[PDB]
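The chain contents come next:
Number of protein chains: 2
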Amino acid sequence: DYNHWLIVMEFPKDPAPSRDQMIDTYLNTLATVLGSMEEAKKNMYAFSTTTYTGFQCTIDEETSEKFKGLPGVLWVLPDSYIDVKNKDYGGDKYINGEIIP
Amino acid sequence: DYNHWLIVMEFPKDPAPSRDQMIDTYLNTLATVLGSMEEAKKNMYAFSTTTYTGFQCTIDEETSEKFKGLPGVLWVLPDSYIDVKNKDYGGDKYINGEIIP
Ligand SMILES: [Ca+2]
Ligand SMILES: [Ca+2]
Ligand SMILES: [Ca+2]
Ligand SMILES: [Ca+2]
Numbered sequence: 086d087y088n089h090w091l092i093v094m095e096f097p098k099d100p101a102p103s104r105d106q107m108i109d110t111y112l113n114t115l116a117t118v119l120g121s122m123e124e125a126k127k128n129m130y131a132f133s134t135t136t137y138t139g140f141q142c143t144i145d146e147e148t149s150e151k152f153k154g155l156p157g158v159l160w161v162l163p164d165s166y167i168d169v170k171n172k173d174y175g176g177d178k179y180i181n182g183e184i185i186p
Numbered sequence: 086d087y088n089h090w091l092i093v094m095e096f097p098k099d100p101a102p103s104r105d106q107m108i109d110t111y112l113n114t115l116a117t118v119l120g121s122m123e124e125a126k127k128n129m130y131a132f133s134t135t136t137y138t139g140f141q142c143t144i145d146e147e148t149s150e151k152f153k154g155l156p157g158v159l160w161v162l163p164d165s166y167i168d169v170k171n172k173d174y175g176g177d178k179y180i181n182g183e184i185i186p
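As they're listed, the protein sequences go chains B and A.
Take PDB author numbering: the last position of the first sequence gets the number 186, and nothing is skipped along the way.
Take PDB author numbering: the last position of the second sequence gets the number 186, and nothing is skipped along the way.
Rather than coming from a laboratory, the hints here were simulated on the basis of the structure.
Check the hints yourself; a few may be wrong.
Pairwise CB distance ranges (calculated) [to be verified]:
| no. | chain 1 | residue 1 | chain 2 | residue 2 | range |
| --- | --- | --- | --- | --- | --- |
| 1 | B | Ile180 | A | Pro163 | 24 to 32 Å |
| 2 | A | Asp173 | B | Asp145 | 15 to 23 Å |
| 3 | A | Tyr87 | B | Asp168 | 34 to 42 Å |
Selected chain B positions facing chain A (Cβ under 10 Å, derived; list incomplete) [what the hints assert, rightly or not]:
| no. | residue |
| --- | --- |
| 4 | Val93 |
| 5 | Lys98 |
| 6 | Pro100 |
| 7 | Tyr130 |
| 8 | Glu146 |
| 9 | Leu162 |
| 10 | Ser165 |
Each computed DSS-like pair below joins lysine-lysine, with the alpha-carbon atoms no more than 27 Å apart [what the hints assert, rightly or not]:
| no. | chain 1 | residue 1 | chain 2 | residue 2 |
| --- | --- | --- | --- | --- |
| 11 | B | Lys178 | A | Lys153 |
| 12 | A | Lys178 | B | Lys151 |
| 13 | B | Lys170 | A | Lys172 |
| 14 | A | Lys170 | B | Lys172 |
| 15 | A | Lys98 | B | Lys98 |
| 16 | B | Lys151 | A | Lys172 |
| 17 | A | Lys151 | A | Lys127 |
| 18 | A | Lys98 | B | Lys153 |
Beta carbons: idealized from backbone N, C-alpha and C, even for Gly.
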């Protein structure tokens with residue numbers, strides 16, 4: 086069973102929202118599913134606004150369905166790479182509220 | 086045993102390509118990696134144009150790296166669902182030239 090999900094989102098191409106605004110959308114999208122913005126910030130562990138626009142998070146399969154239909158949500162994929170050495174989606178890391186360089 | 090891949094692709098949005106053109110691109114992209122359109126058509130077993138944008142296929146890991154040099158290839162992911170009952174990506178099936186309705 087898949088416990089970790091890649092949520093791919095879409096943003097208006099013009100004018101394009103800023104990196105910060107995209108990340109805020111991710112967190113608000115997770116917060117909607119999880120219950121709270123604080124849960125979201127402690128859950129999400131990776132994301133992108135460049136190589137792709139989406140984020141990675143941990144929910145059970147049934148809950149991952151709640152992402153479909155939410156504004157901006159495009160595609161809900163299982164995270165194959167969270168635990169594979171030397172493979173990733175080309176994303177950035179996010180740890181408990183802080184973007185990692 | 087065998088390695089099964091979801092190849093995720095991206096297409097321009099203005100103008101957008103047609104379904105037929107995307108499917109052709111999947112087969113072209115696979116054919117380039119394989120070195121044969123004939124092999125590509127026997128190999129590819131599923132794809133999407135709606136629910137997602139990409140296709141599934143069976144090659145070894147080394148050969149699958151050839152996709153990453155090709156235009157439109159975003160991710161080269163392991164197929165998560167090919168051997169899992171009652172779970173799939175929602176893609177359409179493709180069988181030796183037949184798009185399966
Ligand atoms: Ca955390
Ligand atoms: Ca990894
Ligand atoms: Ca990543
Ligand atoms: Ca499928």
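Verification of the hints:
The hinted window of 24 to 32 Å between B:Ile180 and A:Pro163 holds, with their beta carbons roughly 26 Å apart. Roughly 18 Å separates the CB atoms of A:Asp173 and B:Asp145, a value that falls within the hinted 15 to 23 Å. For the pair A:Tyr87 and B:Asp168, the supplied restraint of 34 to 42 Å is violated, since their beta-carbon distance comes to about 21 Å. Interface restraint check for B:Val93: the shortest CB-CB distance to chain A comes to about 9 Å, inside 10 Å, so the restraint holds.
Because the beta carbon of B:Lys98 sits about 7 Å from the nearest beta carbon in chain A, less than 10 Å, this interface hint is met. Of the supplied interface hints, the one on B:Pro100 is violated, with its beta-carbon coming no nearer than about 15 Å to a beta-carbon of chain A, more than 10 Å. Because the smallest distance between the Cβ of B:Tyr130 and any Cβ of chain A comes to about 18 Å, over 10 Å, the interface hint for this residue is violated. Hint on B:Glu146 holds. Least Cβ distance to chain A is approximately 8 Å, under the 10 Å limit.
About 8 Å separates the beta-carbon of B:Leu162 from the nearest beta-carbon of chain A, less than 10 Å, and the hint is met. At about 5 Å, the closest approach between the beta carbon of B:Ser165 and any beta carbon in chain A falls short of 10 Å, and the interface hint on this residue holds. At most 27 Å may separate the alpha-carbon atoms for a hinted pair to count; B:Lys178 and A:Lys153 meet this at roughly 22 Å. For the proposed pair A:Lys178 and B:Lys151, the alpha carbon gap of about 26 Å is at most 27 Å, so the pair holds.
A C-alpha spacing of about 25 Å is found between B:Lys170 and A:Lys172, which places the hinted pair at or below 27 Å, so the restraint holds. Of the supplied pair hints, the one linking A:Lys170 and B:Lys172 holds, its CA atoms being roughly 26 Å apart against a limit of 27 Å. Restraint check: the Cα-Cα separation between A:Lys98 and B:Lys98 comes to about 10 Å, which is no more than 27 Å; the hinted pair holds. Distance hint between B:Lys151 and A:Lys172 is fulfilled; the C-alpha atoms sit about 17 Å from each other, no more than 27 Å.
Restraint check for A:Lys151 and A:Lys127: satisfied, since their Cα atoms lie roughly 19 Å apart, inside the 27 Å limit. For the hint linking A:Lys98 to B:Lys153, the alpha-carbon distance of about 22 Å falls within 27 Å, and the restraint holds.
Comparing the model with each earlier hint shows violations of hints 3, 6 and 7; every other hint is respected.
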